[PDB]
Amino acid sequence: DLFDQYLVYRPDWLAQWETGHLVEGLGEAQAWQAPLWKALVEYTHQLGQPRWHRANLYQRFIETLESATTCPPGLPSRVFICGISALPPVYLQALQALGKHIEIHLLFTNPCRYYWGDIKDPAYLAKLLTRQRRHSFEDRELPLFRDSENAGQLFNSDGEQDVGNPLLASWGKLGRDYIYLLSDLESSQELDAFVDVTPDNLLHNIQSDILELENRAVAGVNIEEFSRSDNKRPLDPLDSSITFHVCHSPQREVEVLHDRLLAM
Amino acid sequence: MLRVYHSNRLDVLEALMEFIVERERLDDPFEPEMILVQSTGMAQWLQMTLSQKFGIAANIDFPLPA
Amino acid sequence: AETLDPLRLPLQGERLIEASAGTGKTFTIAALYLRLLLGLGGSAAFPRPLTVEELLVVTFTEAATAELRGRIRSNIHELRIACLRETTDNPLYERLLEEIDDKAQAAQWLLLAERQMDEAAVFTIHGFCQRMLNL
Amino acid sequence: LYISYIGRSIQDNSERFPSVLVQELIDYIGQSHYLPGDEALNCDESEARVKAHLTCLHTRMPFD
Numbered sequence: 133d134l135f136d137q138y139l140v141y142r143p144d145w146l147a148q149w150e151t152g153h154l155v156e157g158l159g160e161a162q163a164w165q166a167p168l169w170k171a172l173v174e175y176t177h178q179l180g181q182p183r184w185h186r187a188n189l190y191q192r193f194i195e196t197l198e199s200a201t202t203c204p205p206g207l208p209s210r211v212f213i214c215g216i217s218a219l220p221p222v223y224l225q226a227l228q229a230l231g232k233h234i235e236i237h238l239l240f241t242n243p244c245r246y247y248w249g250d251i252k253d254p255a256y257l258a259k260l261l262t263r264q265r266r267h268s269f270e271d272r273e274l275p276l277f278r279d280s281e282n283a284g285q286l287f288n289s290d291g292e293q294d295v296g297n298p299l300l301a302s303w304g305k306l307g308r309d310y311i312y313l314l315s316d317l318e319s320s321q322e323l324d325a326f327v328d329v330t331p332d333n334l335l336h337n338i339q340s341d342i343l344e345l346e347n348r349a350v351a352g353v354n355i356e357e358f359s360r361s362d363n364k365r366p367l368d369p370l371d372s373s374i375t376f377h378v379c380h381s382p383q384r385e386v387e388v389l390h391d392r393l394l395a396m
Numbered sequence: 001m002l003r004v005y006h007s008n009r010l011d012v013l014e015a016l017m018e019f020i021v022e023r024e025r026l027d028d029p030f031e032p033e034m035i036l037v038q039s040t041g042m043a044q045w046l047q048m049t050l051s052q053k054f055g056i057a058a059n060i061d062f063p064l065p066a
Numbered sequence: 005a006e007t008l009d010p011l012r013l014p015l016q017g018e019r020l021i022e023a024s025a026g027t028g029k030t031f032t033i034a035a036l037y038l039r040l041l042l043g044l045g046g047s048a049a050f051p052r053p054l055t056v057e058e059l060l061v062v063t064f065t066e067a068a069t070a071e072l073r074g075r076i077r078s079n080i081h082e083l084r085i086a087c088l089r090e091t092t093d094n095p096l097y098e099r100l101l102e103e104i105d106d107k108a109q110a111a112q113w114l115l116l117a118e119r120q121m122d123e124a125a126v127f128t129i130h131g132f133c134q135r136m137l138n139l
Numbered sequence: 727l728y729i730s731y732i733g734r735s736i737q738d739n740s741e742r743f744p745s746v747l748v749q750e751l752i753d754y755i756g757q758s759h760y761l762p763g764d765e766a767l768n769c770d771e772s773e774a775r776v777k778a779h780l781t782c783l784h785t786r787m788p789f790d
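Protein chains in written order, with the deposited numbering: chain A, 133 to 396; chain B, 1 to 66; chain C, 5 to 139; chain D, 727 to 790.
Same shape as in the complex, but just chain A:
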């Protein structure tokens, strides 16, 4: 299992272990992880079975596809990927290599309508001054086009501090890395297709707060702010979209689900 995960995720350590030298900057157990892999390589070579594997196969594929003309033999015209949000970076390298000839359309989905990922360098943020066209009409970009990078939205070492919604700030660790990998390519096409939401119901208020990259929580730093309780938006007394029912036994909870669903 560990070797399969290594084959999928780390090609460079396997390349080092093929020639047997250690990899500098790692903890224990590597001194027996490496020569076991090398001895497995020589044993499966002596068995006579084919030796082609994924870690060098990706590099060979990238080389033979980049060093090629515009006419490949027997490849499909187009293919779409949808409903996926966590991929190895080598797959993204393979698809950006494949993007020279075959048209693809990544149907990636994100909660927020703007950028909320990490930052590499102050030189790197200059690359993110492009635009995202709409479907047919105009273009769009993250708000405060100069003021975001001007102010302390991005700090020198870490990602985005003032995320806004604490829900996203707590739960978007996968999404930050995914948008960081996706917003780094050079042969890419970025254009949005979004749906607005009208805040009337409680759930729609929550979703609009998530989408708009804002916050609606008051802490009351000053005593006037602590005393007042009308700065918030009001609440419908019969908005029953979000509930919180507390039960004791699982069977009783399932019965509550049953008759509540029938009543609904």
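These are calculated hints, taken from the structure and not from any lab test.
Backbone N, C-alpha and C fix where the C-beta goes; we use that ideal spot for every residue, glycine too.
Mixed in with the good hints, there may be bad ones.
A few chain C residues that face chain D, going by a derived Cβ cut-off under 8 Å, partial list only [stated by the list, open to error]:
#1 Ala67
#2 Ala70
#3 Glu71
#4 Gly74
#5 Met121
#6 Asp122
Chain A is fixed; fit chains B, C and D onto it per the hints.
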């Protein structure tokens, strides 16, 4: 051409791929228009939605990325 | 055979505390927990602060674990709010806020520590050795 | 949305607790809005009132 579309819902993106395959018909309709997914239930849902819209669902395959 | 305050005990070596019947044995342990999480206690304090993934606490019965974890979460949440508002009501939090050196740093540490609560180390003896041997 | 959890143990009537995600969600909800009754009373009191109002409490036996 690597094209990326952001989203807030899956329905408008499914409508967009319907719009693409309608505004550009492949000259060999018997070719399997491959679509990648992450499960079997998602492929089932895409098949059901495509049959619901087009009145037909045939010659579409859903393999794993690997 | 001396007295005890939560803000005065030097946290080094081995110490034994006996709290008699009708003491509570919980309002103190949360105070020492926050004391180690924030690294206060003068020169007698620990040399460096820690994180929630290092403070192992082992009780014996099953039901006390979840109750202790919930009380701990409520205490750290209330301490964070009281630190952002600079005005408390509990004398314990009042003296802690008196002992605060940097409110912004303390608030940042509490923000980064509260969201890591879900994997914090509170076990029984059997669970502790079960999670150590498979490690 | 329908979110539920086991609140109290049925044997000794002790206390259990919901997960941290649900606790964060209800904290954000309580610090987000206010009930129409006490529109200008207190931020934290209104938050506690909203938390009490949204929570529903069932019983042990069906025929109560």
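Hint-by-hint comparison with the structure:
no., hint, verdict
1, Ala67, "holds (5 Å)"
2, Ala70, "holds (6 Å)"
3, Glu71, "holds (6 Å)"
4, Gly74, "holds (4 Å)"
5, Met121, "holds (5 Å)"
6, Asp122, "holds (5 Å)"
In terms of the numbered hints stated before, the structure departs from none.
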